[PDB]
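Given next, in structure tokens, is a single chain: the form deposited in one PDB entry.
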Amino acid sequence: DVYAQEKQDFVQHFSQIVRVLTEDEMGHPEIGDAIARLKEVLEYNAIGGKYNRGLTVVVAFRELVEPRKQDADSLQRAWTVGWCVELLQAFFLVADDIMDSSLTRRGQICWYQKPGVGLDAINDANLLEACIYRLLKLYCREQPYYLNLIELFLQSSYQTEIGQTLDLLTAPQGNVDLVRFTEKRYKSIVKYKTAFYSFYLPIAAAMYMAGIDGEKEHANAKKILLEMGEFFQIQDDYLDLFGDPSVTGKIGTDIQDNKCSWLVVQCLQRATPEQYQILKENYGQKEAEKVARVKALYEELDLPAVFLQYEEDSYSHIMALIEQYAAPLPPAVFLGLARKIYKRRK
């Protein structure tokens, strides 16, 4: 919508970002090779996704600054903060792929699986985290919102690592306990691991950039953007199994990795004592046969139909939340975002 409009401009700005993060060798030639490697990391890991999050920073900026106040530089900065959220993303993915033993991301092989990278990936990832704050310094240093943004990113990082910790504690390798896999636990997980950084972070960054720094303006926004995030991670769990790797750009692992996926939580609730045992006996194991038994059992309970039911009822519920809590913000900010993820298949 407004998103599809703004992409080409956002994506072309990536070159400047890179010309800029590699202007550090235009003062220190002894680190050339490290900069080269950094470029490479960026090229491979910052590109090829949908860019929802970065664009959401820029769309929300249009919609919250009076166009008088949108000078050339105001925009350029917003492109950057936009990119700053894409770096956050990049950093999480490079490292969640190692942790999740994934094979492919955005329709290429995962950075760590590349010949000659492996676990150097862990540095690569953190360099990407670093680059955020180097951009904030280089573009927003003189702005009233600087500190708010720095605290926002870090703060959001921390909540997201917290969420990752639960994702992992709840899904221990070679230990199939399913007592653990509940509704309450699921909600907590996705709240922390996905919702703060994929949905609040980028909107609030746009709000901070427009001088809207009020506690209650952020609290309301959050009530909306968090439930939106929950829904989005459920989408993500559905696609892990039922998506198209031609389209999602990634092969699934929730079952192999013994994950507290939305799927498995719904399964337990419906399964017969009989069926519980197929699951127990096939879940969280690297064997194709056992994975398949679980997919089938999921299809046996017409869980893709329950997905579609839930996706309709949550989208409504979210719309209720926009009616209740958007004010004084243009509903469009939240709607544009909602449209871009409802009935999504990539």
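Under this definition, the rigid core comprises the largest set of C-alpha atoms superposing within 1.5 Å between the forms. Residue numbers count along the first chain shown, from 1. First, how it differs from the form deposited in another entry.
Two rigid parts turn against each other between these two forms; the point where they join, the hinge, is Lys184 in the list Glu289, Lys184, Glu66, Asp73. Note on conformational change between these two forms: the chain splits into two rigid parts whose relative rotation, smaller against larger from C-alpha fits, is 15 degrees.
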Given for the second form:
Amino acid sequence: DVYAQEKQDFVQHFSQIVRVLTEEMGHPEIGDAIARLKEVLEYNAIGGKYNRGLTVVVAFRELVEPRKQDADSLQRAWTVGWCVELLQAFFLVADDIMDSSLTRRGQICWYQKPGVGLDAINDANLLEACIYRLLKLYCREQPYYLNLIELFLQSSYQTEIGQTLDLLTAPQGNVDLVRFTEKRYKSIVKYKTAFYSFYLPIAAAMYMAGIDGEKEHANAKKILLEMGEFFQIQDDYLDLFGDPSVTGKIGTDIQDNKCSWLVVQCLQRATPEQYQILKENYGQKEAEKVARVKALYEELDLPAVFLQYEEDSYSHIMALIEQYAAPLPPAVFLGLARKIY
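Complement to the form deposited in one PDB entry: the form deposited in another entry:
Partners and other molecules have been left off, which leaves just the chain.
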């Protein structure tokens, strides 16, 4: 991976991110808050694979004439990559509280730690605020400063809108399948995950590289939102049919009344007898009642529909790279495609 090359340099820069967000050394009065902020950063922004933030860095290598990769330019790319990870950490701390999740990456969610609770709401907002403090501290003089601020702000808004739509669509506690439509599913994915996950990191790299034209961004967006769509559809598939060792942790999507790609397809493909069997069994705790939905999906050959979808989507993404990548190097999109397929 072009990712395992930049990784150590990215994780090591985190120490600097933290030092600089804590050192408010002129103001001793707020010392205790700043220590809490340190703890929030370290618990919530560390632990994952850093795919989104690393993408900022990789794409920045690929886009900027290598003679303009002076030590400070890369300082800035590492920082902006960390900004994407902090935005992510803000979303997830807050989502975990809204979902009443227990763990995140097999670790206890921050709001469930003894003594944190709902104070995590302020902590989450502090994660988000750290983004603009870093952008100012590192990128204030740069011609892309305002472009980046607007990008991060816009990425928050799109994600929050998507979250609202998700929350209206699948309220934990209300089995209503009439809400689970293909259009709604696509819409949730695009706003809630694809913009920040796929558009944001590439677009940030673009602006840092001086590539600020609206059409270029619109062109990169069209490719990258499609990738985000596929990426989430594959997550929904693996959640149930992923070999749970190769994958991670067993999936709870059906139990949670999620607007999964699977239930969406199931509903489109269903005798009126089938819809009832789903109305009855979907969103339940009972293992044998989730084993029964798994069998209704298997019986509808949705794994084959998925495999069929994964191939079609792969050709489509390549047609899109062909058509919309220029004048960015196609490898910017292709590295991403390779990681997700």
